[PDB]
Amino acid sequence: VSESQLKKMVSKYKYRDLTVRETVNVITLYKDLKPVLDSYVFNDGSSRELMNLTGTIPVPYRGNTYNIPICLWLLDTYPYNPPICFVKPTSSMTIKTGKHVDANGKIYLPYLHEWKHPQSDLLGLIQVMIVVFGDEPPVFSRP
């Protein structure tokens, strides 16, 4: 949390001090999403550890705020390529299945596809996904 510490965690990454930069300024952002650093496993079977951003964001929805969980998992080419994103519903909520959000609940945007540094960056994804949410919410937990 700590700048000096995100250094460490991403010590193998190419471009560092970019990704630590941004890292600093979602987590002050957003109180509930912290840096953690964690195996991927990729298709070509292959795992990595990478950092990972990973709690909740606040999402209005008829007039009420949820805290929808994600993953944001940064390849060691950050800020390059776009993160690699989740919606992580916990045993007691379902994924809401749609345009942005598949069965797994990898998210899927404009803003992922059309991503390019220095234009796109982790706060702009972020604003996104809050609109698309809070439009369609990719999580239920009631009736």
Contents of the next structure:
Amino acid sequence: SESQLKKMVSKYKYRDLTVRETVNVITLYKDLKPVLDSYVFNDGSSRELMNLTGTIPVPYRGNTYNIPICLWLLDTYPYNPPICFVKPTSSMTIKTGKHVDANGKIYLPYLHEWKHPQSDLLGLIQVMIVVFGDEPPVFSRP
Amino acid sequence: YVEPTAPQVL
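Please supply the coordinates for the form deposited with its partner chain bound, as a counterpart to the form deposited without its partner chain shown previously.
Entire complex below, previous chain first.
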């Protein structure tokens, strides 16, 4: 709902933008949920940031998988890219690669060259579904 | 509710 969301991002720099993009991706991707949770920065501090967490559908060789991810929105959003992770369940393992480290953090050209209004969440997820579709970031263990 | 899934390790 537009109301509950507006309250979550109370302490955001650009709330009107952040919510409208948020509403759009949650609509299109029914299984991504907005959530508050403390993020720990490189310095050691903890701000309470919104986290679009859930799964996205990703075709991989004839089969569609629900790849689990985390999209951390900084409070300066949309003028900085989200901080993106894959969130492997305990039965999955992270496939390390060019776009993924062992902590599950995602690295993409789209994130690097992020620029508002040129870039937004919907665009990022579109790209993700392509990158993971070619090279899955997570695999299920035997 | 959807369960997360990933391709099986071969």
